[PDB]
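Only one chain comes next, encoded as structure tokens, the form solved without the partner chain.
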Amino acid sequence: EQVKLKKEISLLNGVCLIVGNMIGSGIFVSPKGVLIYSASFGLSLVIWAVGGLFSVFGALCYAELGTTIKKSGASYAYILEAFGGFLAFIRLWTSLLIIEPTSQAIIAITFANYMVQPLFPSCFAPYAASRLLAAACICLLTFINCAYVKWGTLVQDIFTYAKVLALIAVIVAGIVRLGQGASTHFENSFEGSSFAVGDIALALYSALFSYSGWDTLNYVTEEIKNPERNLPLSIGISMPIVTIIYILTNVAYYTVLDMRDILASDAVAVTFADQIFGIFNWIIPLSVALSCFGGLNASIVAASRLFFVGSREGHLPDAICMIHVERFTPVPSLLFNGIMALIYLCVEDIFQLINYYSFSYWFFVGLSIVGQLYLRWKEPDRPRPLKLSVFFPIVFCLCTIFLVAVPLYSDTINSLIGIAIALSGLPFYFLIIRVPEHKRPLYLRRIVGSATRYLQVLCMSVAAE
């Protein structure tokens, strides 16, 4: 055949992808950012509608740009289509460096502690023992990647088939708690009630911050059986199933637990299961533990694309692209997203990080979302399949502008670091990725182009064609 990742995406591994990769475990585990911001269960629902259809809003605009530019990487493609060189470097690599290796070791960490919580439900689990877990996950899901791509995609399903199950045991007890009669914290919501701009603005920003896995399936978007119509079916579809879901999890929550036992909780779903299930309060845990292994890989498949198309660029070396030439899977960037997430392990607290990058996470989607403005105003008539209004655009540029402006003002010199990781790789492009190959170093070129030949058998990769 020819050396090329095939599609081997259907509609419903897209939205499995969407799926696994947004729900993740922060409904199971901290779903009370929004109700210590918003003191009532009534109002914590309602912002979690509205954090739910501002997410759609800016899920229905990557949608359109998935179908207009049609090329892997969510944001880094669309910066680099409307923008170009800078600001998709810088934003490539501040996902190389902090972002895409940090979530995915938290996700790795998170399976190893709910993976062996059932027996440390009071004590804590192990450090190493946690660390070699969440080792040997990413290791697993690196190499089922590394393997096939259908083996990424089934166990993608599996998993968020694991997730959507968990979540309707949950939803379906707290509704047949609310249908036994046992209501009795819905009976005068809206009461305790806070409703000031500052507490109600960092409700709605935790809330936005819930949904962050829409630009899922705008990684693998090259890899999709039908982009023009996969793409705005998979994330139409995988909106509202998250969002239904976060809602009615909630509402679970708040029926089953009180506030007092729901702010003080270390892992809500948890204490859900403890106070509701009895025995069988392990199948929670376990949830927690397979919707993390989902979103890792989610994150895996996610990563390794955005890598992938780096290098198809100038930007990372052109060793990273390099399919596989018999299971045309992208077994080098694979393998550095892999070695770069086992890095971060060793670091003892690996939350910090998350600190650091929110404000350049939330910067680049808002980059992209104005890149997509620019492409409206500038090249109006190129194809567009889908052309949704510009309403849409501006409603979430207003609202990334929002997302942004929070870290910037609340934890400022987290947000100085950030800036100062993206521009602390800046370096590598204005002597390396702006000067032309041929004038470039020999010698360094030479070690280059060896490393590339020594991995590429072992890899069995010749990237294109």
Second form
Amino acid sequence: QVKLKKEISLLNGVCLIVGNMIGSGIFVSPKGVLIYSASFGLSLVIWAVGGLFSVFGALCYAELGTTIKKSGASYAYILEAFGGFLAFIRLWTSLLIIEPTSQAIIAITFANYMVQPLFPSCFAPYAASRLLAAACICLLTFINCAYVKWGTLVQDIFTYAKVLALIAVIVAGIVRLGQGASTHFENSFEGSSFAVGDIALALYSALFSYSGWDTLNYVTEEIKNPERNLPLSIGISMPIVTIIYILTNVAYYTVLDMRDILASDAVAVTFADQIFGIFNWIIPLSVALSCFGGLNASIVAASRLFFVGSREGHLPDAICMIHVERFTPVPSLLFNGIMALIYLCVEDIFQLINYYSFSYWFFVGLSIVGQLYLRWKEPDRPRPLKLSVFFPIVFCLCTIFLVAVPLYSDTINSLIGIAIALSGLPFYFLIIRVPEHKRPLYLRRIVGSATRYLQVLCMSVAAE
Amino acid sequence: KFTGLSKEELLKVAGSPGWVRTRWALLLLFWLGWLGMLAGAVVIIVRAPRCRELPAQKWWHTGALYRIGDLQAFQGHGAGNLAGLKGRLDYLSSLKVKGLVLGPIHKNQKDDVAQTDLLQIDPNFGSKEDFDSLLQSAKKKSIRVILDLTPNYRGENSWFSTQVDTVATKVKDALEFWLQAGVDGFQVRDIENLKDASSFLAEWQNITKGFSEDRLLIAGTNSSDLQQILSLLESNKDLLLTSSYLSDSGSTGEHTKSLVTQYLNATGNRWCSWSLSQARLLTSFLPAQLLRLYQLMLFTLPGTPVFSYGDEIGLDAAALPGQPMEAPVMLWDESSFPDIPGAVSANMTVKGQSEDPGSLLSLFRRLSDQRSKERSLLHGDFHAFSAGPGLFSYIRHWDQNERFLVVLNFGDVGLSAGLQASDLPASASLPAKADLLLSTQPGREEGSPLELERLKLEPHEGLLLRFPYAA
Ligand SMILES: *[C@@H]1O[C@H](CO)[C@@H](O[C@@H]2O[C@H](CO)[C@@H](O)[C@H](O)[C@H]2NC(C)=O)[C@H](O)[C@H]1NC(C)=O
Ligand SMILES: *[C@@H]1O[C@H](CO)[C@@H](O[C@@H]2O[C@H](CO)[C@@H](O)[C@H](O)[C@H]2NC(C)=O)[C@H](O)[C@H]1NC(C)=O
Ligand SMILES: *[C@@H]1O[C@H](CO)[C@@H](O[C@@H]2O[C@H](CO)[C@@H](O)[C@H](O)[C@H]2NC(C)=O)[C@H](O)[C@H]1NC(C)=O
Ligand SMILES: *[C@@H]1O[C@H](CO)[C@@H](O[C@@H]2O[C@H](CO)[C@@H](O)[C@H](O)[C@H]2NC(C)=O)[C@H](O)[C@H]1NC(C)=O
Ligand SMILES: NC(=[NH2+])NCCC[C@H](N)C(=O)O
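So that was the form solved without the partner chain. Now I'd like the form solved in complex with the partner chain, please.
Okay, now the whole complex, with that chain kicking things off.
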């Protein structure tokens, strides 16, 4: 039977969530909390509070994933709550601006930190990083198109690599702290900025760093026991990332003072140059391996999202096809890789993250209020675990705070993002809303011929 | 209708020779394209040239020093101790100064040579342990402490004119004692009154460098002629030496350009210090309309800028009634000078100048932030080029970082600049348009890129244009 063959264990889910949550943010820039907090102890407080507020949302997606039990991770939940229109808007904006830009940016940072010991303070060449990024994207696309177990093995290996590197940084900081100095942690909370506009921006920066706890909800139909292995893996992977994020900043503040932290391009590179005499290239190599681990999880999640969106009536049905042996969604992965390679061609794509700062948390909060509305409207659905209504309410308030910040400040880019997200409405009312045997025949014949040729090339049929 | 193939008809049509060859051809073409783009990246990487190695700088290569010669005038009445100095290090860290030159604190009576001891503190400054408290308290805020060890600092002749050997023995013991106690450097002043100057300076520099290599020795002279300054720096070349070399004149700007380029040519672009005196304020030598220009110059020249206390607010010892002009009082607030009450206004004080964004303290704070972080202002290369009649223009550039252009107008007339460069290195050639960081006079706002061909200057104005690495 040609179906999608559920092969994801508990360890694979833990490695997926940890390898998507820990990325380049803990390595190259844990600076926003310190620049808006102006103290060490208040920065550690803001890091712990951001970890708690991300646990509160991860529990809500554990309940949503065990209740609805369909892949897509907000697309399926908005379909189950307010179906049709808003789900298509979310699918359109993630197809158009969110996932190609993030995948291209992760690939570019991988390529930039692969060549950093050759170009220490040098302004590394531009065209050599785009080629390495394209090679990285094409290699991970091939690996995920071959087998699913190959992608889970890659995720396991590079998650172990980044965790071992962060453990090395933590152990060096702890042995220098307890050894003979302990100097910066004597007069903490001095010079602290106890204002609303500073604590709010520090919490915003700390809460962007915990992003990515919803990766396993995109692949829910491929987990062995989804009523057990999804919330157990979420509850395993949350305190690991929280403890690692606190202890890495403690190790950063033990060795470095505030001035050279706030005036460095990457804090971990300065840490490695100051505490490791030789073998200071280990840390940029580890940053490159961390970005290689994150790109694989992003590719798998985006391909499964586009698969489900194709199956639900949007996004024409070639993207729903499955390979007849080696049961992998090949044309979905091909479409995702093509879009990421197209977005690599645009110089200064780091501007483009300012356009979906508003939309991402808007759709997370929309899925949380959909969970609340389904708790009110359908109270007799089979829920294998239901929590209190405390967590969805406090995460609804947290997401309202998360979307209020890019609307007040940085207000021109948010309206551009809303225009980008609303730019798919000519496709919804003129193609999707109208049924078949009323659409133009010359479009249908062309799409059918292209689907048949792509089906013969990729050896892929729809699910039986 | 228009649905796709099922598994059986796909397995029967996608097995013909003609589709199999297409799939294998596309697979091999994809893999050779992947290897081709990897080879292109490897070829492009090994043809990007190189970048040179940093120069491993000392702590006095990274910003300005600050001389506090009289201690009781720096605070005021009663609180002129070494204990009261501990409460000023947050003001000193507002300036971002990297070192501090504490004046002579030891017991000197007068010309009696056998009674003065350089190891034991005069009790009018404190005792031995609050000096230690001060050293640790300054070490926490990243400020180094240099100790002045001039023997006869109460008296007209500064080096005990009768004997020469025993005072050299005094300084030789004092260097060791205070280096073990933990100071980060020394300063000896008035070395033109010391016979056999170049011999004792080499010995003291040896002892100080032999303890550690992050130690410093500063020498001061009242000379202004280049040949004596060069004569003291033949065997010694790691020595910072402060002099009256730039305090002569500069009524015309090409004269100051000649002085700076002649010094840097005559010493071979070694590390130097830039100041106007060995102990005196900038308002001992310049009118008040040139202080911003000289403060822009002293921060963007390749060396260590050295200032006395009160140079950052523009303190004048002749702006008020009677007073020793060798040691005026610092004007912290408006009750800093108790005598002749009401004579100090608000824009003459530290407190009243911190709010005005067009004050002199604000220019000092912006310039000393840019000096301690930009790599082309930390160890960049200096190059001056010719300009109009009465200008002084130069550029500082390191490798591939942001480059700085400084244009200064030492003239009482309007100038259009006309930067006739034409001789710069290819790594630092001038663009057509450059940004702005600041100006000394109001009328402009910064960040707006200005074109460098109709560049016009109002009198006594300096600019801090900036531009990135390109071709
Ligand atoms: C100290 O400087 C002198 C010359 O400026 C160098 O050699 C020393 O010369 C003195 C003579 O006054 C001898 O007492 C020393 O033994 C010499 N040092 C030696 C031989 O190493 C030298 O550049 C400096 N000396 C040191 C040890 O750094
Ligand atoms: C440095 O200061 C001295 C004293 O203020 C200046 O005058 C010298 O004084 C000593 C002792 O009285 C004499 O031996 C010298 O002959 C004096 N020099 C001259 C030129 O008269 C000295 O001129 C000052 N140096 C400079 C460069 O101004
Ligand atoms: C100032 O710098 C210039 C150029 O770096 C040098 O002047 C040269 O001096 C040598 C030796 O006297 C002459 O052979 C050259 O012809 C001079 N250059 C030119 C362009 O004429 C020197 O380094 C410095 N000048 C002096 C007088 O030392
Ligand atoms: C502090 O401010 C006062 C008033 O703004 C300045 O006094 C002026 O000085 C200029 C020239 O010195 C005169 O032309 C004005 O007539 C003065 N105005 C008044 C109201 O006294 C004073 O110069 C400022 N101090 C400094 C150091 O700039
Ligand atoms: N869906 C995501 N935003 N994933 C990545 C989030 C950022 C990640 N925590 C990092 O530090 O790189």
